[PDB]
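*Asks:* Here is what each chain is made of, one letter per residue.
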Amino acid sequence: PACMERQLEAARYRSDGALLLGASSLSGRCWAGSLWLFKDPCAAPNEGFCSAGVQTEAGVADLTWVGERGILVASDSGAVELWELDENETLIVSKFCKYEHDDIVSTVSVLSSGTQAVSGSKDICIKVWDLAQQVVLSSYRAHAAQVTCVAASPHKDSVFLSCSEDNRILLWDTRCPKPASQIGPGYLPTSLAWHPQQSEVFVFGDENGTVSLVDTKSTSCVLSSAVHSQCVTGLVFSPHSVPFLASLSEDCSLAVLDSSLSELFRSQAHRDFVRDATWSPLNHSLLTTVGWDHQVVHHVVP
Amino acid sequence: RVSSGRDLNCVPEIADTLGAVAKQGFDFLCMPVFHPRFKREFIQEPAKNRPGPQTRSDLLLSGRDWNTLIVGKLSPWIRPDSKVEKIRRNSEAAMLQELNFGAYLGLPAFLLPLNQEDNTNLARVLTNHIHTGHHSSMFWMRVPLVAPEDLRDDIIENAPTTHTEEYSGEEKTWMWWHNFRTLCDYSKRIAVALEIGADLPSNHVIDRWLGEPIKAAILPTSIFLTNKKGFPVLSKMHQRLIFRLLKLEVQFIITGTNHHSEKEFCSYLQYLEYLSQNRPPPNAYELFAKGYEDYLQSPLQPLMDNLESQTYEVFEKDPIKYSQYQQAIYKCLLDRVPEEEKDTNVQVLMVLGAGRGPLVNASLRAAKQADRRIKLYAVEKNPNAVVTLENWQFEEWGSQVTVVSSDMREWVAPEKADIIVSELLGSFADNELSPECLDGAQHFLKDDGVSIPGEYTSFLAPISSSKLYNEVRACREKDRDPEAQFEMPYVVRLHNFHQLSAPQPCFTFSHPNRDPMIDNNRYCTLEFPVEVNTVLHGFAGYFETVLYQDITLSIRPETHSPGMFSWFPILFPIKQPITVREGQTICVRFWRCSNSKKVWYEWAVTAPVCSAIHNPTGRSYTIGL
Ligand SMILES: O=C(NC[C@H](O)CN1CCc2ccccc2C1)c1cc(NC2COC2)ncn1
Ligand SMILES: C[S@@+](CC[C@H](N)C(=O)[O-])C[C@H]1O[C@@H](n2cnc3c(N)ncnc32)[C@H](O)[C@@H]1O
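First to last, the protein sequences are chains B and A. Sequence positions in the first sequence follow PDB author numbering and run 24 to 207, 211 to 328. Sequence positions in the second sequence follow PDB author numbering and run 13 to 637.
Hints in this document: simulated from the structure, not taken from any laboratory. A virtual CB, placed ideally from N, CA and C, is assigned to each residue, including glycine. There may be inaccurate statements among the hints.
Stated by the list, open to error - Beta-carbon label-pair distances, calculated as ranges:
1. B:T245 to A:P172: 13 to 23 Å
2. A:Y179 to B:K201: 24 to 34 Å
3. A:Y179 to B:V116: 49 to 59 Å
4. A:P172 to B:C65: 50 to 60 Å
5. A:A210 to B:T245: 56 to 66 Å
6. A:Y179 to B:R52: 49 to 59 Å
Given only the sequences and the hints, what does the whole structure look like? Please build it.
*Replies:* Okay, here's the thing in structure tokens:
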């Protein structure tokens with residue numbers, strides 16, 4: 024496409040070092056989306072200096088890499104769709120596009136294996152996908168309000184998290200006849219991130235700008251801090267041995283926190299909502315954030 | 013045909029999307045006016061200063077299209093009742109913004125959600141918007157039959173779905189709406205868009221929504237069963253509800269994506285059109301009644317005023333009343349004169365309140381049916397109709413019918429009558445002063461004379477209808493008591509309402525009334541068992557009457573005379589709505605009052621709570637003698 028949509032929604036680094044971009048048009052005549060590959064991270068967000076790009080029929084609420092050449096997309100259209108990257112890696116082609124949700128698909132996550140995925144929508148449902156066979160294996164109506172965020176466990180294929188505006192945080196395990204388990211009124215949970223090593227630890231941000239550290243087996247809320255002034259949009263751990271935590275909010279700021287949740291870095295670089303953050307696989311102190319201000323920023327983390 | 017529209021939460025190209033849905037056969041479209049995911053900040057920088065444009069341009073559609081085809085939708089992130097203050101204030105501003113943009117566009121309706129218990133601030137902001145600027149827009153509150161919490165799959169191991177029965181808890185969705193509309197002071201601009209889930213709740217909570225201002229029903233595509241040919245259909249009990257809603261002439265909204273992928277989208281709609289084509293065609297009564305639904309008519313003056321020519325004309329077309337009257341005379345004659353006397357005994361018949369003469373012809377047809385001889389007087393107060401009578405008599409009836417142009421209470425009769433025939437009945441039997449009239453006329457009935465009708469009885473039943481409560485409320489006029497509209501009965505084809513208990517007799521009158529001290533004043537206490545939670549808005553009035561022996565007329569629904577449109581029910585409102593819980597008793601008191609000049613009703617509710625005595629002294633309404 025000759026022009027990229029103003030509202031940048033998601034940014035994810037591939038293992039080879041390339042940069043994936045999801046973009047939505049949330050205003051103006053046409054409300055749609057687009058997907059982008061940037062083999063030059065510093066060339067973002069410039070349409071002229073990109074490796075590949077494609078128009079989607081509707082906006083992009085969430086996305087993720089599926090392995091190395093798959094792009095899993097959570098659409099406004101109420102559809103989950105998979106986009107297959109070219110072997111030349113200059114074209115981006117649709118693989119499946121399945122209208123199975125009844126409202127905007129707001130969140131996606133790929134399970135540890137890479138053959139199955141989980142999606143959360145405003146229709147209040149959560150669905151489990153076979154990416155190979157292009158179908159819905161399981162559909163779960165567990166929540167009572169719209170599902171904000173779903174996060175697949177790092178290493179277990181049957182386990183994931185979900186949180187919704189019904190104030191519930193659900194630990195899942197598709198091995199149990201009753202899959203969900205309620206983890207305990212705090213402000214509505216908005217963002218989820220598993221610990222990348224300790225498979226029993228996760229973090230969640232609320233609408234009040236508070237990031238909390240939870241142990242699953244203990245369920246007595248260990249630690250919390252008032253990181254942000256507004257809703258916590260996302261949480262991403264660094265690839266580090268002892269990992270750092272990137273914390274993005276609607277206060278148009280980024281934060282980096284240690285494992286005890288003390289503030290290390292802060293960046294006002296954005297003049298609109300900070301929408302995603304992705305750590306470089308190559309330089310582990312380099313962190314890339316995209317916003318609605320159409321800025322693509324690269325951060326040096328001490 | 014049904015009026016129906018498509019719900020969407022994704023519009024890429026407004027022009028294309030509207031085209032696609034129009035081709036599908038949808039009358040209108042429910043779409044967002046700003047992007048649903050486009051959260052906007054109003055207070056703190058830098059997000060506050062986000063460069064525009066904030067949404068799509070109004071130029072993309074024609075004024076007409078905006079007015080007729082588009083229903084606006086409040087952004088789902090707008091949450092005026094959030095626990096977070098920042099979110100509260102932003103949503104406030106956001107709600108005004110969006111609402112104003114709808115008003116700016118001139119949209120006919122705008123959707124808003126009721127999806128939790130506390131909507132206090134949402135109601136405030138809505139209300140305030142209603143009292144700012146001059147606009148006509150309607151507001152549809154999206155509220156489901158079953159709260160989403162009570163539909164969730166039993167899959168949370170450590171927090172199971174309560175499988176026990178909670179009668180009130182299963183009705184919680186109605187209370188969400190009731191609180192909201194109460195806060196908004198029953199605005200005529202706030203209606204219900206009822207969401208219908210896959211599993212219908214118990215019948216009682218469905219009935220809760222009777223009498224409510226339902227403008228729309230929402231059908232998610234997911235609730236549709238599939239048949240052996242792969243087409244969308246609905247369960248027998250879902251069909252039931254659709255038929256009910258059809259009578260209420262609601263608009264249908266199809267929400268969600270196509271889950272029957274093998275066939276086009278219009279298939280869902282085609283099923284509704286199929287169901288609409290399938291309802292039983294209107295009965296004789298419903299052909300004449302149609303167009304009068306929940307329309308209020310003020311108390312008229314049967315004595316002090318004269319009926320117009322066309323009023324008579326319409327009521328003369330009744331397929332049953334006159335046939336019934338003919339039969340009642342027919343039986344009476346045969347009884348009064350034996351076969352051997354069929355030429356020696358001529359019966360003197362007096363039509364009291366003859367109108368344009370149909371009961372005169374009914375008397376003539378009954379004489380030739382019974383092979384008996386009758387002498388007719390036709391007394392009428394309305395000199396205008398007395399024109400028609402005297403023209404009928406000169407051209408047709410001749411000397412057999414004497415036409416008398418006066419009030420029966422005043423006429424001095426040459427001879428006394430065998431039978432006095434009259435039809436002076438109101439919707440509440442005696443509310444057109446039939447007792448008073450025939451009373452001052454029974455002095456010229458023979459000591460063994462029959463009166464037709466012989467007796468009549470009024471019936472009352474408590475009703476719930478926030479719709480009709482609102483109609484009455486809207487009947488406030490300048491230059492009178494600002495609450496007088498509540499202290500008078502209204503003749504109305506009650507339609508969008510809920511009968512809360514079985515009708516019970518109220519007042520009865522017999523004719524003739526040879527009781528020594530003739531008194532027409534009454535006082536009656538009634539107790540109505542109510543077995544559902546509800547809100548009381550008034551009492552429906554009906555009547556039954558005995559013309560002669562087993563020949564009768566009724567507007568009492570249980571025993572209603574077939575096809576008889578002549579009388580609609582009456583409505584006695586109450587000033588303030590009264591909450592009634594399941595198992596409670598509504599106790600009402602009705603007085604019939606009079607002096608020498610006028611006659612009126614007074615009423616009050618004494619249980620479960622007391623109301624003010626209504627129309628005391630006849631300060632708001634009387635019928636003049
Ligand atoms: O209930 C109503 N009126 C109360 C009156 O006591 C009814 N009688 C009925 C018989 C009658 C005969 C001659 C002249 C007047 C009248 C009026 C009512 C019904 C209604 N019916 C619609 C017209 O076709 C259905 N429209 C408006 N009002
Ligand atoms: C409801 S109408 C019935 C008219 C006619 N019998 C018919 O069925 O078409 C009652 C009629 O009786 C007349 N009427 C009412 N009160 C009367 C009175 N006190 N004396 C004489 N006529 C009266 C009215 O003028 C009116 O035409």
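*Asks:* Work down the list of hints and note, for each, if the structure agrees.
*Replies:* Hint check:
no., hint, in the structure
1, B:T245 to A:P172: 13 to 23 Å, "18 Å, holds"
2, A:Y179 to B:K201: 24 to 34 Å, "27 Å, holds"
3, A:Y179 to B:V116: 49 to 59 Å, "56 Å, holds"
4, A:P172 to B:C65: 50 to 60 Å, "54 Å, holds"
5, A:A210 to B:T245: 56 to 66 Å, "33 Å, violated"
6, A:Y179 to B:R52: 49 to 59 Å, "52 Å, holds"
The structure fails to meet hint 5 from the earlier list, while all remaining hints are met.
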